[PDB]
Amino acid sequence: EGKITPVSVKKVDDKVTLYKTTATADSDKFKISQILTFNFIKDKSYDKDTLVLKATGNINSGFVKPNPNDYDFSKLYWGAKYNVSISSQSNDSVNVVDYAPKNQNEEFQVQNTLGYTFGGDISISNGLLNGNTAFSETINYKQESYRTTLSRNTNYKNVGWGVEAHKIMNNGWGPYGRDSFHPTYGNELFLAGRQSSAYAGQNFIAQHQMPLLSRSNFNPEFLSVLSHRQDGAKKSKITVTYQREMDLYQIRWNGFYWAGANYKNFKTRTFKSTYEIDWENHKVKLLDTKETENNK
């Protein structure tokens, strides 16, 4: 499946040293691949250990195409939302003090930079400070037609993000989303022709016309900054969740026109892994991966 890489050392100062180890856990069933790069920053001029965790990998769309022989009613499954959560599940000396992205972002390309200044000063910036900075990382991911937003339960011991369908353009029509509704046509999200004479299965817009996130996948890139307050315990635990909410989109003919309906999160697939972060020897250990699913 996957494993942990030996710790790599990168001295920067008499004060600052950087240790890197990478963990990889896969759910082949759900086609979700997590890749966690832990960057331990030991700075002697700061009274707090810092861990800048960068989560990359892949979350499959889950997209189930429609059967082209369906005549009056047809349905499809698409990837409507991708949620990523990082959670420190132990030790009151560990708290999530920062992360990226930190704001709502509807740009086709979410790009941020993490800078660590000698002394424990961290700062995230929208884009791509040198000299003054001891360590820096970047996040870079495409989310065309979708938007990123922080989860609502983000606090001192948890941070999460949601990349949801936002402004999807059918063609010259739209934008549409998971909750669009027209008095007559319903949710026209993936509806091709309103009065089309075609079979239901052949009245959805072309897959290639669909956003990459809707029918292909999402390659996340998020950063979690955690700080250990040199006391209580040298160990802690952290859980990283990658999830996809699969929506059921269906349309049907009533004799005069086509009408669409989108059932939000009608099928959920979730991959969750747990690690033991050894803050003294700067190593992580895999405790448990749990694949789970919900079906309406």
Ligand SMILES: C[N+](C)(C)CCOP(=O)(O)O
Contents of the next structure:
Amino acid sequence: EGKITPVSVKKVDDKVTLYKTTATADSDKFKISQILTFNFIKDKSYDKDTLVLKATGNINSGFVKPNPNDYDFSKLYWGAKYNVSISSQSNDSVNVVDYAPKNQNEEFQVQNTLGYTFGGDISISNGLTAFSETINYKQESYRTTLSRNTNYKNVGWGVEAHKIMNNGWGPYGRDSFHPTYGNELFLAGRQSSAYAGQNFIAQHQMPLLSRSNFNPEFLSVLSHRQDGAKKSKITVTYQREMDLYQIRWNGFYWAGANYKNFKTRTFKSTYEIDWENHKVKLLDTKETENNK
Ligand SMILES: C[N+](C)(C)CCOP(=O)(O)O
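Give me the form deposited with ligand PC bound now, not the form deposited without ligand PC.
Then the entire complex follows, led off by the chain already shown.
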């Protein structure tokens, strides 16, 4: 649910003209917000039309705190992985050619610059030309990877829990497991004389992405061959994988268990890109849930 701004035009040289329009689609229910800025680059010195899409917005973590009254067993849900996907769903003249980030990255702050040079050259550099854009996001304790299904018409990224320190313990991940204590990701004490509901570390000691939200900044470059249809379809998906983290007292010690992607919340928008008129039109939005 949202709006699409009118198109703004910026004539660079006599060769290049930039056109921009921003679309916003939201899921109030899942607390996901997609802000999509389509930058069309018309370059007379290049035999292809270029589109630089910047995807920003918000994806809530889906965090659910534990019931403090839980005595011997308790659980909480946390935002373990954020997935953003872009797909060219029609028109064989259109392909996904470049993107940022373009490689795995576990730095606390991801910063990249994408530049377009007169003549068609796309360059991506680390840190913050006829056109330029940047991506900047914080992902402390998490790691960004390029989705396995990335190909000539598809690009995706995953921002997943990676190296999470408890106090000085760790690092722990979605898969860590101690032969005795299980996954200790958010376990406060192995022998705590406490209610289970009160034996997790505090929210402020957990990564911001795990208990708050993720503010994505991703860039995808689509190329149009200048032959065939002027319009094409594109889908943009924002998703969170929520893990069920639970702790239990067995009479002797505390042990933890993390169920990976136990709950999934997904928001997908479908737009029709009009490469001739530098506009986009919302065709559909779809909210989908998975609950194991
Ligand atoms: C914090 N931890 C539960 C992951 C490791 C053990 O801590 P502790 O029970 O020795 O205080």
